[PDB]
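Given only the sequences and the hints, what does the whole structure look like? Please build it.
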Amino acid sequence: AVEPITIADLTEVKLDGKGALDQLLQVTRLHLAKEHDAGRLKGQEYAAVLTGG
Amino acid sequence: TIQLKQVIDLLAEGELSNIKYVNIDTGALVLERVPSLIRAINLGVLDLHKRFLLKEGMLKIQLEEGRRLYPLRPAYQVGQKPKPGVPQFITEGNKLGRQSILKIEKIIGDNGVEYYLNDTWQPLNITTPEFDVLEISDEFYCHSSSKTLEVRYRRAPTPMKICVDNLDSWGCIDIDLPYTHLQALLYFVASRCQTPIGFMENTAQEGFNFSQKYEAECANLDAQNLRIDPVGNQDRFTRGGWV
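Here the protein sequences come in this chain order: A and B.
Position one of the first sequence corresponds to residue 1 (our numbering), numbered consecutively onward.
Position one of the second sequence corresponds to residue 1001 (our numbering), numbered consecutively onward.
Simulated from the structure, these hints should not be mistaken for laboratory data.
We put the beta carbon where it would ideally sit given N, CA and C, even for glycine.
Be a bit skeptical, because a hint or two may be false.
To be verified - Simulated restraints, written as ranges between beta carbons of each label pair:
id, chain 1, residue 1, chain 2, residue 2, range
1, A, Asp9, B, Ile1197, 17 to 27 angstroms
2, A, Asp9, B, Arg1033, 48 to 58 angstroms
3, B, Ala1028, A, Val2, 50 to 60 angstroms
4, B, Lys1213, A, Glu12, 49 to 59 angstroms
5, A, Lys14, B, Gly1171, 50 to 60 angstroms
6, A, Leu25, B, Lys1213, 33 to 43 angstroms
7, A, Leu10, B, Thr1026, 32 to 42 angstroms
8, B, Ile1197, A, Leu10, 44 to 54 angstroms
9, A, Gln23, B, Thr1026, 17 to 27 angstroms
10, A, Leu25, B, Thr1001, 54 to 64 angstroms
11, A, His36, B, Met1160, 33 to 43 angstroms
12, B, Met1160, A, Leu25, 53 to 63 angstroms
13, B, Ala1204, A, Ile5, 45 to 55 angstroms
Now the structure itself:
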């Protein structure tokens, strides 16, 4: 009953992977994308927030 | 000199998009604070009519000997409501409203003569004691030879009456302005609405910025000379002597 948690479990290198880091980044991207689609973000705060986070 | 209210609101969407007046946060669509928007727009129109002429009107007063004060109010004007205590002596001219007389400018008799306004000690002087009333001295009756008067004055339009049933359309209302002063009116309204909102460094200055842009636009209109401007060329050669 010992499943070894590995780097693949944390994150595989692909952008669309299923790693925890990957999916957290994806949900952050979705929230920012909706914010930009509404008239509330320019295309530069989008990058600033992500890089900070 | 008219504009559909619809176009005005659609454009003011592009500058009130930050705030409550016109937008749900989701699916930005106009709310129903349209009454307050209209009440602001009317004030803006009045201010523009103050700054530039854009209009002028005319009356026709039928004199009555022995009278001292002639008020120009919408109860004495023909076609208005005939209040019993007053005789309706204003017999012709643009329909009078609450804000129509910004300033009386010219008084012309039936003979073509031109009387003097607030020029003390002049031969036949006419005095305005209360900015909307003509005080006519007895010497005028002594040497008048005129049975009627024609008055000209700076006008401001009478705003259309909105109604709770009229909340259906609100798009058939017509603001009374040339399109130039429309471009200016946008900045006026935006400044007034955006002033009392915001607590961040750059968001606390939008009202001030819009006021600055409004002043700049008014100056540009003055420079381009898009308003009425009479310029006088007297004769001076028919008095008999200057030739």
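Open item on the list: Under the constraints set out in the numbered hints, which ones does this structure not fulfil?
Closed with: 1
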